[PDB]
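The block underneath contains the structure these notes are about, expressed in structure tokens.
One chain of protein is taken out of this complex; the other chains stay put.
To keep things simple, chains are lettered A and B as they appear, and every chain counts its residues starting from 1.
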Amino acid sequence: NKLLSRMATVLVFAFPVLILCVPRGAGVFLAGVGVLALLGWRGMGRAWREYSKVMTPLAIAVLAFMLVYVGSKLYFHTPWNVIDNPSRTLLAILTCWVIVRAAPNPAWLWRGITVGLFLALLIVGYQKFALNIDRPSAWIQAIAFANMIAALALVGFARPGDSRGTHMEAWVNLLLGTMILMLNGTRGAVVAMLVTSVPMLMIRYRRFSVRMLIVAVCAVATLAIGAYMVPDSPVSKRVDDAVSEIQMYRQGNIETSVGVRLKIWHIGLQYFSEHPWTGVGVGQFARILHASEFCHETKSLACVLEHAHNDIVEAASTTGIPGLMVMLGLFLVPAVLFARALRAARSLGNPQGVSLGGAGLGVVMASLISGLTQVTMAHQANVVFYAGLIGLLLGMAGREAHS
Amino acid sequence: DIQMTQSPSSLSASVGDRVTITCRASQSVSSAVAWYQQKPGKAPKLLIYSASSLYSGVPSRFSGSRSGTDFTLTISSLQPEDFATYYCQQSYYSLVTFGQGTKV
Partner (left out) sequence: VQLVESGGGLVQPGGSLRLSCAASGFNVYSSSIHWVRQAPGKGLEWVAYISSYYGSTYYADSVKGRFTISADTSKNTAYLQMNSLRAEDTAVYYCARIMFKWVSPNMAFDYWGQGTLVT
């Protein structure tokens, strides 16, 4: 009983370091969560029942998503390799179930987060300033690494505590995250993290109400508008570019970064309108482009992209209305569960549970914002990291709220 | 920097027989390998980016693959306009490097 808790708090402490710093750390963490499950031999049947207000919605959402993706492959004969990445979201079920069976200590998650962030900063600094690398990602893809950095920085920003030494240990998390993100480019992750950290400022300060948030976002908007009124400001330099890009797209000159991605979106949405219920199927987005009228009369980069670069548009065009609903569910059901746990924790006091729920909600929001400009299911590392993090956070939050 | 060797340095094959080009790498370049085709006295044109994705206006005959640090381009069949020099590049390191350049 006690060893199950100790070997689980050690695992939650080591999870960020394994995921980021260790090369094959995802497999190591999977083996760790699977060997903890082999010691829950006598339990794990009396763990699901009392935590069925949190475990069952997650299991139902994951099973429905898997069934929809399998049914969008049975009807449209596709190679089985298109569902390997979706097959990795089943690990959220296992992670949450293991966590709820063996109660961890959430106080060791935050120290693990900050240690992982610091060590990843050191690794990226070495991989950029000495072994010159264009985009210094530790051992994985740049996009997946950036998403992991953003998610873990948000998690670390939700430090449970009020002492002066805790706020300066949570702002350091954002500082390390933004340094790591700027080291490997991918400014979109920086923008997403900075945007989604503003709602987190209510979790961060248990004095910061909603009016103080409305005025804060008003001040941010005023600062953003002030930049556009300075003629030489770089913000006006990267905003006028997008404005001119939109204007060029509104006539025939669609051969640009904004224009190319606003043209695959239109082709995807026009096909989704044609076939609402069943699209081409899971994956197979290239069929929409190759059967389109624009590609048959124009030679451009928009006809070579394997998949769309927006999660909602890609899901709607490829796997239809049921697939769109289940894809939105994979990100909305955890949000509802986190809100339900946060409300109970706040009604009970217990600042650790409230901070955990806030961190989960921020992770969900950041994942949605990232999916606004990319497909999360494309990268296996991103999928497995998201599944594991959501499972662990949901399990710990449910354990804190229920008891 | 990072050094690449291409083999063969120059090959000769008739039309219809598939050819494969091997590009090596001194250090570990993950996927930042691109392939170009240069015809005599003209600017090179991109063929494959990220070692497995074709570019616009490139026939489906061209295809690339990765096996660890062994990056290989192959052509399913040679049309009369496929006779040109090919190069392989790394973009993982900040100082990019081109291969020696095979010739068909």
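The working rule: a residue touches a chain if its C-beta (ideal position, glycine included) is under 8 Å from a C-beta of that chain, and two chains touch if they have at least 3 such contacts.
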Query = Of A:194, A:213, A:305 or A:336, which one is in contact with the hidden chain?
reply = A:305
Note = Missing-chain contact among A:73, A:261, A:263 or A:399 belongs to A:261
Inquiry  = Going by the contact rule already stated, which one of B:69, B:74 or B:97 would touch the omitted chain in the full complex?
reply    = B:97
Task = Go through chain A and note every residue touching the omitted chain.
result = 132, 134-135, 141-143, 185, 234, 237-238, 241, 244, 255-257, 260-261, 301, 305, 309, 373-374
Remark   = Residues of chain B touching the missing chain are 1, 31-32, 34, 36, 38, 43-46, 49-50, 53, 55, 87, 89, 91-92, 94-101
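Please note the rule applied: only the chains that are shown with their structure count from here on.
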Query = Distance-wise, how many Å sit between the C-alpha centres of chain A and chain B, to the nearest whole number?
reply = 35
Key: List of chain A residues in touch with chain B within their complex   = 131-135, 141, 299-301, 303-304, 306
Ask   = What residues on chain B touch chain A, complex-wise?
value = 30, 32, 53-57, 91-95
